[PDB]
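Engineer: Read off the chains here:
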Amino acid sequence: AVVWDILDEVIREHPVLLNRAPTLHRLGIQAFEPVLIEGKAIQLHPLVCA
Amino acid sequence: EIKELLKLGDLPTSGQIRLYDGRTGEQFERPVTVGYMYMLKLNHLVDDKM
Amino acid sequence: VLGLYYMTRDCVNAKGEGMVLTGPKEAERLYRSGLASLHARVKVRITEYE
Amino acid sequence: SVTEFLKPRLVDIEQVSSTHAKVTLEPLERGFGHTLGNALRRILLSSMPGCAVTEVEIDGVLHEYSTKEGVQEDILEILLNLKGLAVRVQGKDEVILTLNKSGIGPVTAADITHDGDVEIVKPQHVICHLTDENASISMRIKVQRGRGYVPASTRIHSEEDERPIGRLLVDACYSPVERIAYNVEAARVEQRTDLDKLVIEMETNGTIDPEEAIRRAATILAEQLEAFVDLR
Amino acid sequence: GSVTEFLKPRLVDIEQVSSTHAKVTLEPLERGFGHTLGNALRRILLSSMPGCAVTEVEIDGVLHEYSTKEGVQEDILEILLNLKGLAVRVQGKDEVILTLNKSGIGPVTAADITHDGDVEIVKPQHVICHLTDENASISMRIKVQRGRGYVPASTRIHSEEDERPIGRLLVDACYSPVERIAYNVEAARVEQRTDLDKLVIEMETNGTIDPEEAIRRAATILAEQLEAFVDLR
Amino acid sequence: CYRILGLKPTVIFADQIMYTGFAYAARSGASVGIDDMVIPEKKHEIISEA
Amino acid sequence: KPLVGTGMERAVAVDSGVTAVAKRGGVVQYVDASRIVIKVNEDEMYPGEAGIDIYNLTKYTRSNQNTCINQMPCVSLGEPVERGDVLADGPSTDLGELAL
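Residue numbers (the numbering used here), protein chains in the order written: chain W, 87 to 136; chain Z, 27 to 76; chain F, 19 to 68; chain U, 3 to 234; chain D, 1397 to 1629; chain A, 99 to 148; chain C, 9 to 108.
To be clear, the hints were calculated from the coordinates, so they are not data collected in a lab.
Do not rely on the hints blindly, as some may be mistaken.
Straight-line distance between alpha carbons at most 25 Å, and here's what the computed BS3-like set of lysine-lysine pairs gives [as the list claims (entries may be wrong)]: (1) U:144 <-> U:85; (2) Z:67 <-> C:9; (3) C:47 <-> Z:67; (4) Z:67 <-> D:1480; (5) D:1519 <-> D:1489; (6) U:199 <-> W:126; (7) U:85 <-> F:43; (8) U:124 <-> U:103; (9) U:85 <-> F:33; (10) Z:67 <-> W:126; (11) Z:29 <-> A:141; (12) U:70 <-> U:144; (13) C:67 <-> C:47; (14) Z:33 <-> C:9; (15) C:9 <-> Z:29; (16) Z:29 <-> A:140; (17) U:103 <-> U:85; (18) A:141 <-> U:24; (19) U:144 <-> F:61; (20) C:31 <-> C:47; (21) F:43 <-> F:33; (22) Z:33 <-> W:126; (23) U:85 <-> F:61; (24) D:1480 <-> C:31; (25) U:124 <-> F:43; (26) D:1480 <-> C:67; (27) U:94 <-> U:144.
All chains, full assembly: derive it from the sequences and hints.
Structural biologist: And the structure:
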């Protein structure tokens, strides 16, 4: 459990880069603040999909 | 023929029924197409992808 | 887009047509109470800024 | 225990103003956020007791679409302003107030004839604007105690043809709640992800504070449930 | 008069169409409270009703669910799936061990389970398996425990009970006894008054909960949840 | 909004637009049924004339 | 089974050898999760023959795609069986119909 608390501490304001191939233009890679979620699927904001 | 088979089952001919939101109990403002569809699981499982 | 479009459309005769509203808050109250439809043509007091 | 549930341990109140408050409760059992929020929202919108202005008579006005000289606002805007009048009455179930004034400038709630059993929340509230020294306004307003919101279109009946000249009908905003909204977000307790956090954004007239409104709505619901509860 | 004095509902009638299907009538209800109570009670009933479910099964000669037993028509996995649907009402314990010994050709159903005095089988006809040989015998030991909600075995292993033997099989537990909840609001012409309403709640369950007890438990849960709002600063 | 008010109000506006659109699309109960594909009654005679 | 099918489900399920198809009619004499024993009809067995057909079912074997291949009986003791009848359902088969 303390490992999970540490992980919550380390990701607080640490951005991560999300990239979808093909990276046709520079919006193909964008930074997001990660919120830790259960499950194995990345959750993407609907407005960035376009 | 689909309409007649629905009529035999006492179901609406249009294929749309009045649904209620379980979160609030409120009626959805328009009738909704509710039926049965045959769905598949396509071997592209996330736990093989993560 | 569909939800905003459905929100911002008008109907010729709708529940609560012709009401005069103190502001947007009263419109929200009337809608959630079921006393008025989203498409009801009404006169609403609006404060805007420039 | 199978009969033991999670009762909120973190309660936060953010007072944006004396009338606006944001109340956040966590943690809640999965789905309890929507249940509690929607129940409270319905009770606050449609069942909260309160006092509001219902009928208005103006001397120079015969119908709601009649014009009057000396008043900047049309009669419809005056009716809206009277809808915005927050008033609380002690003991009495129905009161009638009289407003007479002459003078260039705003005609506000502070000009209404005072009654010991009636209290006005915002004297600064503007009822109309008088445009000339040769202009006078005289009106009689009716304040009743009721629940929720009853539009004037519900009360316009041929059975009420007893209405004399100029008995204008005003939407009755009995409930103090001006806006009630709720949002449900995620919460966790020891990596127990499936939990609910409830955020309640409440704005009310100055009749009662938002916290008092929430307490009264919860009291109403609990009293409704009392005949089925088998515990303390 | 008495605008602030709401009328309080009571359980006026309970109708039981079948052992699994019932209707409960609440009356009287002020305008608008019928829908509020109906939806709140529906959510609470579908989410939080206690019940008993099968959790573990031990069958002699069976090491894992991905195997077959000679003389038994069904695979062990299908036997466990059938056992997942067993409706058991336990009177005074949160866990109980049931025994099922059967021999000879024929269906093996819930009526064949050796019964404790404080265990009731709602549906004896429930088929557990089929024996297809005269020399075939089934000896089974079932663990039924009381719980709330849906607890899959994958999450159940988090209990970390050390050294579970090989022949022990875990069944996903669906403790909820309710299956379908509907509510209708009608006009209740009572007390020489016209604006009162009546709430009819129709419930289909597995037959392991008294409908009145379920309604009262839902109301109790709702009241306990509201206690935080009533007392808030 | 971006040209008049800048970046931060635009981001908040975009999030609120998304939330409102999703909520009211859900409340609308918009659905596609077989009866929504309305065929003109003039179609058959147009085909015959052609 | 698909409630809305096209009628080709039976052919796909039978022509593919995932199902145990009865090669001779008769009455099923023994059933369990792994074996089906059929007593062949008198007018259908050859001279000097035991008149019994044994079908051994595939239980929980690995597919090429690491999925499960399992055959389950769809018949019960004493039930008549004709030539071409499906005796056991294979993966994605329900009573001899393709069930994807």
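Engineer: The structure should be examined with respect to each hint, and the outcome stated for every one.
Structural biologist: To see whether the hints hold, each was checked on the structure:
Taking the CA atoms of residue 144 of chain U and residue 85 of chain U, the gap is about 11 Å. The hint holds against a cut of 25 Å. At roughly 15 Å between alpha-carbon atoms, residue 67 of chain Z and residue 9 of chain C fall within 25 Å of each other, so this suggested pair holds. The hinted pair formed by residue 47 of chain C and residue 67 of chain Z fails the criterion: a straight-line CA distance of about 39 Å is larger than 25 Å. For the proposed pair residue 67 of chain Z and residue 1480 of chain D, the alpha carbon gap of about 23 Å is at most 25 Å, so the pair holds.
Between residue 1519 of chain D and residue 1489 of chain D, the direct Cα distance comes to roughly 20 Å. Compliance with the 25 Å bound is thereby established for this hinted pair. For the proposed pair residue 199 of chain U and residue 126 of chain W, the alpha carbon gap of about 23 Å is at most 25 Å, so the pair holds. Distance restraint check for residue 85 of chain U and residue 43 of chain F: the Cα-Cα separation of roughly 13 Å lies within the 25 Å cut-off, and the hinted pair is therefore satisfied. Restraint check for residue 124 of chain U and residue 103 of chain U: satisfied, since their Cα atoms lie roughly 18 Å apart, inside the 25 Å limit.
Distance hint between residue 85 of chain U and residue 33 of chain F is fulfilled; the C-alpha atoms sit about 20 Å from each other, no more than 25 Å. Under the criterion of a C-alpha separation no larger than 25 Å, the hint pairing residue 67 of chain Z with residue 126 of chain W is consistent with the structure, at around 17 Å. This hinted pair checks out: residue 29 of chain Z and residue 141 of chain A have alpha carbons roughly 23 Å apart, not beyond 25 Å. As the CA atoms of residue 70 of chain U and residue 144 of chain U are separated by approximately 21 Å, the hinted pair is consistent with the 25 Å bound.
At most 25 Å may separate the alpha-carbon atoms for a hinted pair to count; residue 67 of chain C and residue 47 of chain C meet this at roughly 23 Å. Taking the CA atoms of residue 33 of chain Z and residue 9 of chain C, the gap is near 23 Å; set against the 25 Å cutoff, the hint holds. For a cut-off of 25 Å, the pair hint linking residue 9 of chain C to residue 29 of chain Z stands: about 22 Å separates their Cα positions. Restraint check for residue 29 of chain Z and residue 140 of chain A: satisfied, since their Cα atoms lie roughly 23 Å apart, inside the 25 Å limit.
As the CA atoms of residue 103 of chain U and residue 85 of chain U are separated by approximately 19 Å, the hinted pair is consistent with the 25 Å bound. Proposed proximity of residue 141 of chain A and residue 24 of chain U is contradicted: the alpha carbons are some 59 Å apart, above 25 Å. As the CA atoms of residue 144 of chain U and residue 61 of chain F are separated by approximately 24 Å, the hinted pair is consistent with the 25 Å bound. The suggested pairing of residue 31 of chain C with residue 47 of chain C holds, with an alpha-carbon distance near 12 Å, which does not exceed 25 Å.
A C-alpha spacing of about 18 Å is found between residue 43 of chain F and residue 33 of chain F, which places the hinted pair at or below 25 Å, so the restraint holds. About 44 Å separates the Cα atoms of residue 33 of chain Z and residue 126 of chain W, which puts this hinted pair outside 25 Å; it is violated. For the hint linking residue 85 of chain U to residue 61 of chain F, the alpha-carbon distance of about 14 Å falls within 25 Å, and the restraint holds. Distance hint between residue 1480 of chain D and residue 31 of chain C is unfulfilled; the C-alpha atoms sit about 37 Å from each other, more than 25 Å.
For the hint pairing residue 124 of chain U with residue 43 of chain F, the CA-to-CA distance comes to about 19 Å; that is within 25 Å, so the pair holds. Distance check on the hinted pair: residue 1480 of chain D and residue 67 of chain C sit about 22 Å apart at the alpha-carbon level, within 25 Å; holds. In summary, the hint linking residue 94 of chain U to residue 144 of chain U is supported, as the alpha carbons are separated by about 12 Å, within the 25 Å threshold.
Hints 3, 18, 22, 24, counting from the list given before, are not met by this structure.
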